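Taking the form solved without this ligand, here's one chain by itself in structure tokens.
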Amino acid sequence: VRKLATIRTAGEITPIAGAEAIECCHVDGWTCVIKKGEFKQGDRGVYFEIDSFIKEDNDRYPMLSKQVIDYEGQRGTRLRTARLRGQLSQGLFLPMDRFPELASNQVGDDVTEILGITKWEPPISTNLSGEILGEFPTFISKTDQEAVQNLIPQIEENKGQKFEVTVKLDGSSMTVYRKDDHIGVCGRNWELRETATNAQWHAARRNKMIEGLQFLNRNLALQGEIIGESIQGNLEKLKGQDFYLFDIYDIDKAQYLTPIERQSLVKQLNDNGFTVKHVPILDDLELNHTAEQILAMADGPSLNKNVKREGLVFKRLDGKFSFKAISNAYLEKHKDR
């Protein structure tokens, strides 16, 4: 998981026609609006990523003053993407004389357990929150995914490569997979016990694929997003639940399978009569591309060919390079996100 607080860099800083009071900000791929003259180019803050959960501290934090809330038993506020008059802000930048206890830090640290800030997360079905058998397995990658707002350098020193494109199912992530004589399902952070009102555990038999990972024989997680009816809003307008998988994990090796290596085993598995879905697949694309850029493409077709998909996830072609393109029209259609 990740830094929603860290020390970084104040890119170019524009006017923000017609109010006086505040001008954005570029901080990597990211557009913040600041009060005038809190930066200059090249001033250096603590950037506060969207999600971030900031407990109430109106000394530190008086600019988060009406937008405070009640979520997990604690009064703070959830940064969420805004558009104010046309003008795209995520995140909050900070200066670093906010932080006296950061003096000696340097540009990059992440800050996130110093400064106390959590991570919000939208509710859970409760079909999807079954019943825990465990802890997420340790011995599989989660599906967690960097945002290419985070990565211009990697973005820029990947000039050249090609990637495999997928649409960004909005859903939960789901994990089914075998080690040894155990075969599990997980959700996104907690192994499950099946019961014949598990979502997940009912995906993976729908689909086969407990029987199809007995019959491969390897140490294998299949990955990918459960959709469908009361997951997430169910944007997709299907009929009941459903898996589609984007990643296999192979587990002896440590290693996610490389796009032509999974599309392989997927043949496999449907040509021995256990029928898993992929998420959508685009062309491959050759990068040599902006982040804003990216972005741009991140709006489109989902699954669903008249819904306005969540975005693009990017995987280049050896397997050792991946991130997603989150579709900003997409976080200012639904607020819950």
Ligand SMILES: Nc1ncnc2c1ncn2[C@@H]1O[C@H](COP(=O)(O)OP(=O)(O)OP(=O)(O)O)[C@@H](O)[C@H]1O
Second form
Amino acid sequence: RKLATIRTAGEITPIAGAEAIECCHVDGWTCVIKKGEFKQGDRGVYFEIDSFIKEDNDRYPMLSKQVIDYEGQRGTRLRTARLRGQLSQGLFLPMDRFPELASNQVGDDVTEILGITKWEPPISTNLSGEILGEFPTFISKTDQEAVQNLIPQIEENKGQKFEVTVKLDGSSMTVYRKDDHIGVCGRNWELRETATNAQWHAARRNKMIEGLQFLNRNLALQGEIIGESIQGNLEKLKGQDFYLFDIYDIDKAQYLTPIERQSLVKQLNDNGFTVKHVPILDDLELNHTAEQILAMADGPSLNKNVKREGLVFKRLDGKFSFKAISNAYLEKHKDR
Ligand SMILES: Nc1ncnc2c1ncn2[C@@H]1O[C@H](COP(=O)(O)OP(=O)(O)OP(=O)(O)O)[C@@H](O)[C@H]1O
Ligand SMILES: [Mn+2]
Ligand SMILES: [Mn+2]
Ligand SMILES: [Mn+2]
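With the form solved without this ligand done, generate the form deposited with this ligand bound in the same format.
So here's everything in the complex, that chain up top.
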């Protein structure tokens, strides 16, 4: 959760037809600023897309016209937009308009002090219910940093090679085993086994619980549940199915390498435990810019006639991973 952070203004270029504004690079993000607002190297607060920013006309008067209603409280939800022909993602405001935060500097997460929350679409009914407890603390949650935020890491990972997978749009799902206990979790909570719960019901049609206890290992099968009712069903599936993308070694406190995972996925299907994996593409030796990685995000999804949300890259040592979301996808499904 780094929705509002203090960053450094990168390269600033003009925009033809209107010099009231200019285009300012913030790490891998691009963002339209008023002319005379930033100089290259200055510091400001960058608000990522999906930020929900409560209405304030001294601090956020440029969000005035897109103020909406969200959970009774009320402000502007930042999302991908084309302003005067220029693709613009996020918000970049200088430190002068935040007098209470001169004390901070680059890297500081100022989300909480600015009251920033995250907009989230209506999460469908069959994915939250009887909660047994918290997401196990001995299991890592399933978040992928955007490539736009890893500009130095991308260049220092030159030479490294990655497993490239399709980013399916559903919800994150974790089925795991610790000793005698097999469990089923959503994003932030372990759930109880009930009658129509999508996660638990998904985990039994593929018998992945009996596959985990068969492997006799403390592992965490983490994948994406997509299908009917879930996020518009972009792939046009029938029903709901689980598509694995990561396997967490509970005891070693690390993820399996993609080779370790691909060996475990086959071991499962060789023994009649039929699990699906997120679509696999050719592995990639990193050598590209952020903009050239993002240029690979668009393309066919699981349904090869629909355009995918993006891609996710996992270093073949299982230690470093990131996402790359199609910007065409974000413009098309503006409810995301
Ligand atoms: N092949 C894949 N590899 C890794 N993660 C994937 C894959 N396909 C889908 N995902 C999902 O993408 C999520 C990480 O991407 P992202 O940072 O966009 O998550 P988020 O913004 O927290 O939630 P959401 O993706 O629902 O908006 C994971 O929680 C995972 O469930
Ligand atoms: Mn995320
Ligand atoms: Mn998603
Ligand atoms: Mn998201």
